[PDB]
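Quick heads-up: it's one chain on its own, the form deposited without the partner chain, in structure tokens.
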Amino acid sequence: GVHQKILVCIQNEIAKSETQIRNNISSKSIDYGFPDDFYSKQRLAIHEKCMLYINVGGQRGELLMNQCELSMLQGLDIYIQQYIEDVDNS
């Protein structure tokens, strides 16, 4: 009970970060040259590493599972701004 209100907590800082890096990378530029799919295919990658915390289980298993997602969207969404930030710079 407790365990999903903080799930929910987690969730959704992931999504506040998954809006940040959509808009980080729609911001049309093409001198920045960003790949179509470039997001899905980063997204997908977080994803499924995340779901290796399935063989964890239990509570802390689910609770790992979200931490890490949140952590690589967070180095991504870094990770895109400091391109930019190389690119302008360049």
Second form
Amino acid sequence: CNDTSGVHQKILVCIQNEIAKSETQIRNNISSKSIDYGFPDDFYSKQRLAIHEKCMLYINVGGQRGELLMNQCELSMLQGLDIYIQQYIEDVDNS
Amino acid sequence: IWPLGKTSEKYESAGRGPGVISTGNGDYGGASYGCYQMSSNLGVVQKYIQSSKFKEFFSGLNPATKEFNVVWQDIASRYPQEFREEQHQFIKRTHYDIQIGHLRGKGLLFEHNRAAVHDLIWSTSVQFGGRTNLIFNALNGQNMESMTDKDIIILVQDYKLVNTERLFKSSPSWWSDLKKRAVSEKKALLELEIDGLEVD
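To test you: the structure above is the form deposited without the partner chain. What is the structure of the form deposited with the partner chain bound?
Shown next: the complete complex, the earlier chain at its head.
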């Protein structure tokens, strides 16, 4: 990701690899929690779908630019969600 | 002589053959197809298939599945030359041809075949959309009667550079890449304009 040289597809691949990593961080952290912490089975997949629908608004922005922003949105939202799930887990632990 | 879209070629198609497929990483990564890597995520490849001579080959088949990829690569094997050209024409029809029109609707005409300014239009339409206002906005309030191809190219590429942070507010880790590209295309379009070549 230091040799994209503005090649659009290479930028998307970089973003997409980060998205997949973050999805996997989130999904595995939820997985690793006892029936205790109260995560519904379908919590990840519902929040992930809602994030997708949010970022899919960028289908209404033209060209490479709209596609880049769509993927960047997916990433920033997942990053937000990862931090939130961590913080929640902490708030349950801190109780 | 000069092939329309060659200046931005390396950012868009990057030497890829008509049969290249990438499977996007992630739950919603989808897949991207052909020379230009048209994605299934934003409906582009689906539109291409609807417009293609090979439309019916894909009957019943959804993009980002092995079946669809089998058929895509079969076609690229057995009709390499026609597939590549049909792909290129589709990018032309959905970005460049549309921007030429959109600009006409703002009172900006380009009824000639000089290569540099047409590469600019192609490039911009691909990067910002067939209906982008970028060129119009960069030329806003200049005298088109007495403006040179060189001036047009300078105004547009400086606009791109200088509005990068605003147009890509959401993606700051790419600003460096994007700004360089604007600078680099400017150089290449300026060289192309001096060689004074012809397209279409």
